[PDB]
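Use the sequences and the hints to build the structure in full.
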Amino acid sequence: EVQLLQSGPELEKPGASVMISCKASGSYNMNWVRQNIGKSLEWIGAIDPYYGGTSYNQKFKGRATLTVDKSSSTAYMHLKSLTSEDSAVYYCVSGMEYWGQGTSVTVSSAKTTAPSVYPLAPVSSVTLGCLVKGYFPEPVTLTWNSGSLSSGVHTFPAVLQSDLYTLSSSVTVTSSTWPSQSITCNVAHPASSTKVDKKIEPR
Amino acid sequence: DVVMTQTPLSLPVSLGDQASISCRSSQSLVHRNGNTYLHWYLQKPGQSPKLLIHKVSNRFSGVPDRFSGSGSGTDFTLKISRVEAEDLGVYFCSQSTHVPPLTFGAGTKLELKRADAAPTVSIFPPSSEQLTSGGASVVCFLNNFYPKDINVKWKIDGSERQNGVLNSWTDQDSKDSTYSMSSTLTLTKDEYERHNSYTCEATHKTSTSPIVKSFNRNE
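Heads up: the protein sequence lines correspond to chains H and L, in order. Just so we're aligned: the first sequence equals residues 1 to 27, 32 to 127, 134 to 213 in the authors' numbering. The opening position of the second sequence corresponds to residue 1 in the authors' numbering, with each subsequent residue numbered one higher.
Take every hint as true, because none was put in to throw you off.
Listed below are the simulated EDC-like cross-link pairs for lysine to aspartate or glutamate, each with C-alpha atoms no more than 16 angstroms apart in a straight line: (1) L/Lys50 with H/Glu101; (2) H/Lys65 with L/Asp1; (3) H/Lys209 with L/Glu129; (4) L/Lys55 with H/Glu101.
Interface residues of chain L toward chain H, partial, derived using beta-carbon atoms under 10 angstroms: (5) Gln47; (6) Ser48; (7) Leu102; (8) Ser133.
Derived from the structure by calculation, the hints contain no laboratory data. The beta carbon of each residue, even a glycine, is placed where N, CA and C say it ideally should be.
Quick look at the structure:
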């Protein structure tokens, strides 16, 4: 019944602040909830769009400020003094009934960094891979043979560690397919205008 | 604050099975006004949560009647009479009797059952390209296994190395219902040139003994 459109991904340094928006349409208190990397949910607080009254989780009361712009049917969440614990997906929720699509916030000291892309060649079926290391921010995209190779692929979720991301992908094909045919991973990182093709060669 | 405890953490089912999931609160959710503010949400893979049941047993608009909620006081249950593919995802309970703060259970993942499957394990030495830049990552894929729990250790010249490991896991495969894992051990080139024997070792339900793949740097 109510649709909630949230603003796009945010990237901030430790100690900085973030402001995220939630535009409501259709026809209740606006709640904000954090979803942590392990999927756990934490309620931040709520605001009455009518008069502007608020209620906060004591955990967030010192750093979070909720506001509403009635003229634009838009709710805002401001969160200051950010730490890595605040790297999460933030949802606005109307009446605890309808959820927005979520806004990612990443809190990191990292600067934009292009990935290094490394071929993973083997030491009836053969497994090859592609290691995409040391990039920031998300996302990267990875395909095999320009997308024509889609079966037998496992592309793993990116993981942030020491303030850079790593991703990897494996592809498994019949032994008669490679190296008799070519296998290439195609990696794109738009934030750094990176587009690389890494052909996997026998060692 | 009220602690919501959900069990089990993971519930594997076959399509068509009944499913029951439990949510227990650290104290009674009966409010002084007579209401019990216990609610259930489903978050399907890649989506935002959706409300299924509010105030113990009220089905939210559009929710099919195969979903039902029951319980009282501190003990609550969500039942699915017959599980469908579209029901797979993470179920959360929440309480709003004792606020602030409203609190949530940790989630129960409703997943598909299939036959046990041993992982296909593949190990990869550093690429020549990476070595040129002075780094040395060793990668192990453990692919298409079931059930989901698995443990990996890296052992170098017969001794475990814990520093420099980065692990990632896929969600349940849409085609074969299996799970996969990637483990990357990142060393400096100097460290790599100090030891020659590299082993990726896993434990998994499918074997009483460790599952291993190895290589010798010196070929």
